[PDB]
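What follows is a single chain, given as structure tokens, in the form deposited in one PDB entry.
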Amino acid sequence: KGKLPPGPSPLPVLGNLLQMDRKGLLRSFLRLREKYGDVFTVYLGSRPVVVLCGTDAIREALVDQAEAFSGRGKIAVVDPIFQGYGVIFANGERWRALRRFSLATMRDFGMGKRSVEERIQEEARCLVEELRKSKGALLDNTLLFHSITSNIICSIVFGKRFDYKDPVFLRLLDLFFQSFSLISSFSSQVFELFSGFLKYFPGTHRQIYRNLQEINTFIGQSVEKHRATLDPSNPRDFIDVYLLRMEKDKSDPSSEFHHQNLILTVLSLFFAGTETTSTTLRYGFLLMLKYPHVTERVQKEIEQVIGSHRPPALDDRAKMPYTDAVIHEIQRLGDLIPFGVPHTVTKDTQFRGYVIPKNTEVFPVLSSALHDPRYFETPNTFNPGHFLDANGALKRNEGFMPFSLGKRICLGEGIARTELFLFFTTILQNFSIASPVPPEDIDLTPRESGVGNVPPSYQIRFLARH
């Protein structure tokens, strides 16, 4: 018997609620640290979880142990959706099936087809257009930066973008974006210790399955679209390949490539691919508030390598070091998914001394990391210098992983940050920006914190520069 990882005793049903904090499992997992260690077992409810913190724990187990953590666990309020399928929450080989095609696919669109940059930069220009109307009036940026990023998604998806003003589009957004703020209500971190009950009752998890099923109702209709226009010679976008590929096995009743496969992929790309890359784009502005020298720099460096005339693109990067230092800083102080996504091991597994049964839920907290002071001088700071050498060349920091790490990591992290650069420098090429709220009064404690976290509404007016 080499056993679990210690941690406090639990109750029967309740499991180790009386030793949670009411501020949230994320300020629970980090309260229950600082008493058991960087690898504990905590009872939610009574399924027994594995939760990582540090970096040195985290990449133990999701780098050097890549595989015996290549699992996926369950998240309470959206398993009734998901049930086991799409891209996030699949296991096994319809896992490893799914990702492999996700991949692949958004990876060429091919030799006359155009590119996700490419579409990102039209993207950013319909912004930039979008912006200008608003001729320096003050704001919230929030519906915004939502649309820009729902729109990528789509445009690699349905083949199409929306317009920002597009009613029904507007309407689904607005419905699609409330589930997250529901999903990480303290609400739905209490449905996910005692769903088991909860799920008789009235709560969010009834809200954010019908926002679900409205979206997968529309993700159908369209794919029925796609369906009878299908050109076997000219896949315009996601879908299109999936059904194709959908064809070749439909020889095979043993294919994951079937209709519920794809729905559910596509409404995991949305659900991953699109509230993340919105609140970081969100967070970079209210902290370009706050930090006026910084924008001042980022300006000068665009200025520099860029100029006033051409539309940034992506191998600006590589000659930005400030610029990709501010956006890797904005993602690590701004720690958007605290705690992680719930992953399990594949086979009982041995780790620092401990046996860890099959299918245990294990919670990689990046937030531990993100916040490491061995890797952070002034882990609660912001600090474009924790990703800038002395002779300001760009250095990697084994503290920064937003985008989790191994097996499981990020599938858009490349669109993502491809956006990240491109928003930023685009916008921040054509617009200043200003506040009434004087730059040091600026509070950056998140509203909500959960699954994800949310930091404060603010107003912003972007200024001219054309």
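Think of the rigid core as the biggest set of C-alphas that the two forms share within 1.5 Å after superposition. Residue numbers count along the first chain shown, from 1. What changes on going to the form deposited in another entry:
- Residue shifts between the two forms, rigid core superposed: of 371, 74, 297, 125, the only C-alpha displaced by 2 Å or more belongs to 74.
- Superposition of the core reveals a Cα shift of 2 Å or more for residue 27 between the two forms.
- Residue 44: CA moves 2 Å or more between the two forms after rigid-core fitting.
- After superposing the rigid core, the C-alpha of residue 215 moves by 2 Å or more between the two forms.
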The other form holds:
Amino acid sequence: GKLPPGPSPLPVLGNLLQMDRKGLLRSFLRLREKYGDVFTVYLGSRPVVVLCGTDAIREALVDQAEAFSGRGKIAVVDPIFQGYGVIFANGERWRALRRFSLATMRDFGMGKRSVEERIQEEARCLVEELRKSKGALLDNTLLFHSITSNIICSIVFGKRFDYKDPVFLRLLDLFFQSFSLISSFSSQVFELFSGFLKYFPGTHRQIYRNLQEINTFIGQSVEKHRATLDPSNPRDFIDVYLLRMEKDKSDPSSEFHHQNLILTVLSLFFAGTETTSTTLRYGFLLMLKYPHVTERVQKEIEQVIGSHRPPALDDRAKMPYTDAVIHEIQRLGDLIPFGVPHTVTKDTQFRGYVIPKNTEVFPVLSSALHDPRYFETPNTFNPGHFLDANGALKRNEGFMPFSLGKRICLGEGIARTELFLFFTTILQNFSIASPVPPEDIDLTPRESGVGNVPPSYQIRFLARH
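The form deposited in another entry is what I want next, because the block you gave corresponds to the form deposited in one PDB entry; please supply it.
The text that comes after this line covers the one chain and nothing more.
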């Protein structure tokens, strides 16, 4: 019962504790080189198994899906962490989230328009909004944040907001705008001894100002909903949930309920949506750099959709190249380098070694996204990574931006639809330009850490007509 090959732990300080993305990337390439695709690294009295590349990951997530279906444990004591962390600490709860979203999506087509439809509409308002700029230089960051969020809003709150609407413009900041944290060793030391640091450790100071403001909007939205709830005609996710806890009314569990709800929506709302908004953004940075490929995309749109018909989810199958560009964008955007960690639910043999129950495993997705065994030019934008001999779309075995297995992204589908419609629509209507020349656009992600996010950039949308 030996774990896989690995380096030597350093006691309670950290052999490699505190390294930065670049330093670790260097360390990671070495470890993988020293031990292979499956190695063990030791941290704070615990071993985490690291899976590298297409094969190792697939052997784990897919060939032994259940064994690896455990989600990384989260152990801390706080107020905020306790109440919420618990709600989703269990693996069963995660399943419950899926089980509800799929069934609800199936049985309750809520509001005279399907998902693909609400996205075709949002794109339509985007094209309407993009003209209101009249060819100026703006930052897609907020726009792309708006459109992708509106979708989650529609499906959950039963409506979409207008890009200028304050209730929306402000909610967008609550979730997506970054807050700088200012501290100094001096101040930190003072806080620790007399700081009541146990009370506002790290980021709590900031979150609570958003958390309270958010818990408010939801809380009051749930309320406006519950009062107009036609039990024969639900309108959105919230109604369909209200109808469920109408039995549990006359109990104080409602406070527990409402809280259950808030995170689910935020977790659903921000992590998926933010990732999608970033993917789009990154997508257009690429589009600027490689104008050649941007043209083909446009030319193809023209041969299948034309200049007037709004693009639909059915064109994706008749547009192999544009679909290939979107795969590449996801492969290179690579927003989740290490990927959410797993925990193996039982004593699991793996390539001969033995990973004990609850041994946290890291499926490094980036190592697959860039896996040389599966991509001709692993670090170069190349739509050919996904096109067969006859210019048709072949699947690449190493393409897993949404991870794999039982634990795959609950929004993988809804996301890819957003990506294709938003992309083809924008490009069917507008032409893109930037101050920077393509050959000087740097794609290198600003990498504060824990995720790839592209550098800021201006962009110009020109209506072809």
